[PDB]
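As a starting point, one isolated chain is supplied in structure tokens, in the form deposited in one PDB entry.
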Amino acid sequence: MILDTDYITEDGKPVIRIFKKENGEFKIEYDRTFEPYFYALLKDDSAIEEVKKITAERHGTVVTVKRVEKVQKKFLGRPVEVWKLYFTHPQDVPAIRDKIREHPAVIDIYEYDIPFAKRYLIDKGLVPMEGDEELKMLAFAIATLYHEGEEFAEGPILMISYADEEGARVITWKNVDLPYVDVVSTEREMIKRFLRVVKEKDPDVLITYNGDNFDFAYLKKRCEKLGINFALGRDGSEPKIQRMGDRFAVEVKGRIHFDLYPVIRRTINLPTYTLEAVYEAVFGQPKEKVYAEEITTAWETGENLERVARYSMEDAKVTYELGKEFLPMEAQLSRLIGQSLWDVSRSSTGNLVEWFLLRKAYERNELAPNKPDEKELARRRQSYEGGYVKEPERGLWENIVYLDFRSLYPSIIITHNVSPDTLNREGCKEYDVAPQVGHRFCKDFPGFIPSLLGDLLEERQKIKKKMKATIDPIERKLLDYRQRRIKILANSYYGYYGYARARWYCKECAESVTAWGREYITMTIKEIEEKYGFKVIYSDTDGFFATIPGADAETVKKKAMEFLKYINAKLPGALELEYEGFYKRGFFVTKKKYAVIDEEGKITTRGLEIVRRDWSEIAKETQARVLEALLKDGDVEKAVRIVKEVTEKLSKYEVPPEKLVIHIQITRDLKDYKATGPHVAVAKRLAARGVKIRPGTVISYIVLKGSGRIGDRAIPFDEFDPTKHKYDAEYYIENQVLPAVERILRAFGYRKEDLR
């Protein structure tokens, strides 16, 4: 199993290291034969010996073109000849590429920004995380001494906890009377003991929660103050702290540093991403938070350190359990994309698609288009029309079916062969023409993307077959993760086409996909209404809700099935309309906001305040209770009574403050805000006290009694003191609870004033 690749330099030459786990044994394979390269398109082929002779400077060393070679490649499906330029060292490419490009005899250069170690995985056809290897995992966490106003890591680390399959332990340098606590005499001894634990356990994976931006940088700065060689890497190196623009990321050579924090933020939608909230959401069990003020207080007084150590132990324990839950899924992502788990677990959609495509392009001798520079990025600013959204027939409906297309956009891409290499390609026998926008797509050969998509969807079906047939629980589950990752990847191609930073950006492809989607859904709506007598209540992009106004539940179901047989005989290629479900009742509030109830009483909500982090729990819970009384009991009277009891509890200050918290993400640097809403106001005051506020921070605040601007009486919920602060009961009535329920209960004649 390949874990990662990198390179080191030996006598001026790159040596690739392949880090592997084979038969339970860690191995480093060295490859001295791989040459960095990129491609150049020349106006005339005699110009090569001119550019073959260009040189650059790399702090000290002159940089030469090592050697050149003419190759035949495809570019967007058309044959092309280019010069492959080889170099001695990968750092030669950034030093020289701008000067080779600026040459008047060079039309353009290509594949000039591919990191050497990732280039190696692609060109050698190596796929990380393949095979039957069990990885040894170890989670760790730290507790630090924090004082408001101090610089980062001016205080000592107080405890280091770690956990694996054998249990969890805490190292600390004060006496704590617990069996899982190991006491050493100093902070230096604690770090050194932790280093020895990691060396002795020799894990393949180090799991942290936000270790990229807290734990390792804290450890590093203490190790600098204390004179510790923090040799965590299997090659004896220190953790390598890389700038990723906004934040940092930390590598441990020969291991996989698996930071759960970027993984969870991209995998689950939670109102906040504290370790306690993530653990409770994933496993359903509570985890108690101990705050920095309490930790520092316990350390300086020497009292109740057992509580701090138990919290520290539990941090490591739940980090391990979360690592066990999420690492297998990320390993399948790594195998599918063909890049290291470290990389893919820190990457966004656009990057992941692009790395998959670069590997496929290499496999097919397709030269990669370049990323856009500034002038092209501005040229790609234009938007295009998206999915069709019908204004709902608002209100309460009975006996509804939902019909939707199976994977509408992937079906369109495959059926109509939508790809930048087939777009208006001249000379073909056959074309499909996008409605409205008119783009033509050659059908004579499978386009690059449709071909990859079709392979993906076919592989996913084969995995589902192997899953049901396989006789192995571990294999069955890894297959499940793989088919889920394939679905996400296949569903990512449409948006990637419209992504202005994409190498294979194609706005014509993107808007042809949406145009066909609009044509299929609106034509299907027309057929069901005109030929089958349905009333379409609401429709959004790839599906619609419909009923037969005067009909009973069984009539609606059966005629829906008849329509499906009718319409699917008319739909071309991979387009397929499917029966998604029957809902006894549904309430449609606005576009993209509705709730339905199935025959077993399960309520599904979409777009409603109940799902949003920026609405208080008291409002969300009231909306939920109103929707239960309407959809399940058909009892408007009960729903109104519910609202009146909630508004009465608020005005008597009987609601727990925890149900009044509003969670809102900070999305940018605080000085970049043109306007200051309440969460920005809270964040700015926290940053004034020295608190680290970065994009992605979730501000959790409560609105206090007073008047004027909400932001002027908003405070972090952590600071809420029910003895010195009064929450704004009227604010949570008038701005939270009543707005969330009013738009539902208006359909039955009630105004806000009859609910207070």
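Only the largest set of C-alpha atoms that superpose within 1.5 Å between the two forms is called the rigid core. Numbering follows the first chain given and starts at 1. What changes on going to the form deposited in another entry:
Only one of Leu232, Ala298, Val646, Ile157 has its C-alpha shifted by 2 Å or more between these two forms once the core is superposed, and that residue is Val646. A movement of the C-alpha atom of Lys559 reaching 2 angstroms or beyond is seen between these two forms when the two forms are aligned on their rigid core. Core-superposed comparison between these two forms: CA of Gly586 displaced by 2 Å or more. A displacement of less than 2 angstroms separates the C-alpha positions of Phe19 between these two forms, with the rigid core held in common.
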Given for the second form:
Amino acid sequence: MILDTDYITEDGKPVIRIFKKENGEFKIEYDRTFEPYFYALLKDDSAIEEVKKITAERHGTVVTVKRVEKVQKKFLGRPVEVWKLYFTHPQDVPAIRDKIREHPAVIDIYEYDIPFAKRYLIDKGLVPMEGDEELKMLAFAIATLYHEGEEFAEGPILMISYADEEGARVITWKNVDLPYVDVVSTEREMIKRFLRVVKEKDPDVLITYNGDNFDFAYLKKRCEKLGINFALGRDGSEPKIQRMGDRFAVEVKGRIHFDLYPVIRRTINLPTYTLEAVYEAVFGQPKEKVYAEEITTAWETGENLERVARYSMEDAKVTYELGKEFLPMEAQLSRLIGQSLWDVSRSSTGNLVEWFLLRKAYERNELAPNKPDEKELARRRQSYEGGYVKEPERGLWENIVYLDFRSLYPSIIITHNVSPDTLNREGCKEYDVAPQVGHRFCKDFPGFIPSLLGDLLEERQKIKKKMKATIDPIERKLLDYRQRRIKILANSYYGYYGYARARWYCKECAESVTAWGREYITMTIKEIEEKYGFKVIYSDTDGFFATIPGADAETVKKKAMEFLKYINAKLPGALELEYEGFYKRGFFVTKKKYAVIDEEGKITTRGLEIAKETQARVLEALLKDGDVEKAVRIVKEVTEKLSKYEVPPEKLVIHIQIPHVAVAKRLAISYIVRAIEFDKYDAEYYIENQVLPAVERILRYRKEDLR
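To complete the pair, please output the form deposited in another entry; the form deposited in one PDB entry was given just before.
Lone chain follows.
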């Protein structure tokens, strides 16, 4: 399995090394054959003699142009004559490329900012994270001592917790008595112990949570403070720090630093991104949290070190449990994109497609356009973004079927050949004009993007076919993660067209897909009402709900299957409209806020929602019971229990802490009322101001009719 690629300079010559676990042992390959390059397009091949003598300077050693060959590539669907400029070392390119573009006879410069390490993977066709070998993993986290005002990492570390397969142990420094805790000498010996623990297992993945911005920076500052080489790279090197724009990143050479925070950030939307909230959002188990003030109160005194050590151990366990969950799906993404798991885990969705396009561009000899210059980069961000959802029909509806579009936006791209190269082509025999926006796209020749897109969907079906007829469940899990990965990549193409930093940027293509998306739904938002009964209630992009009014619960299903076979033969090729599921009593209030049922309970969704109890008492009556007023009639009967001071009050309690911080000033942490106590009347405001969202959000009669 290829883990990563980079280069070392040897005698001023670059040497690509391919870190790869082959069989059960780690291995380093070496390739001194490879050499960097970029392209130049010029007026006449006369000045190629003048441009070869363009020289720059790096480290007081003059930079030269090594060799040059003339190659032919198709750029914007038409072949071009560009020159492949070779050089000796990779860092020669940033020092001379602007001076070659500086030449008056050179028109433009191409493929000059691709990292040398990643360029090698593309041009050599080497796909990372391939094969059936298995990677050793170990998760570790550090818990330290904190004081305000003090600079970063001034205080020492208290215990390094590490979790591998076969258990989670904790190395420490003070004396705590637990079967999974190791004490030794000082803060220095515990590092050399942990550095010993790491190399003994020799893992391929060092799993961390927020390790790019906390753990490694903290470990490094104190290691140099105590004069110890932090040997973590399998070649004896120390973890390198990348700039990565705003925040920083850390890589361990020979291994894969898998920071969970960036990947958790991409796939989940949470109010706070703490390990405890992340652990239960992914697995459902609560996780106790020991704070920075409690951790700096136990060690300094020695009182109750039983919890400060056990919290770090659990931090290690869940970071391993999360990494073991999220890494297998992130490995197929790297094998799909063709970059290291390190590069892929910290990449935005748009840059994932960019890496994937550069790969396909090289195989198909497509010259890659350049990144935007800074003037046009600020010009692309001003672009108007417009997506609209028709307002949902209000009321209570039953016997509903939800119809869904099979990959609407990518299917629009392949059918109409939506691409920057086919855009406004000259002299073509057939065009497709987009609705309202009016862009033309040639159809005689397939575009670069739509050709690749069709090769992705027609590669996911061929994989979903193979998921069945495979017996090993872990093998079905491999194909399950890849097919689920192709869909995300394909759905990122429409967003890539609007991506500002994108190379294959085409705002004309993006507006067309939205217009075609709007045209195709509204065409089928009707066409079902005029010919098949069936008036629609809710309708977002790629999906709409519909039902026949006052029809049988089964007749709608039998009528829903008839319309599908009709428009599926009416729509173009890739446009497939599919059947998702059946629903009974359901209501819709403004776009994107809805709650329905199926046929056996279970609130299909909420998308909108003491009071935690009252709100669930409004939902079930509105859907399962389906009575009209009742829910309004019921909440009006909360004042009879709450404002009358006659409902069990010890639920008024807000068990959530960090009225605000005044009870802490009063207690110079559950509470209800500047009180704790309890066992004397409560407040006449919570009954309305805390149940208003339990009603007004869902109930849209008079909001004071419940008062």
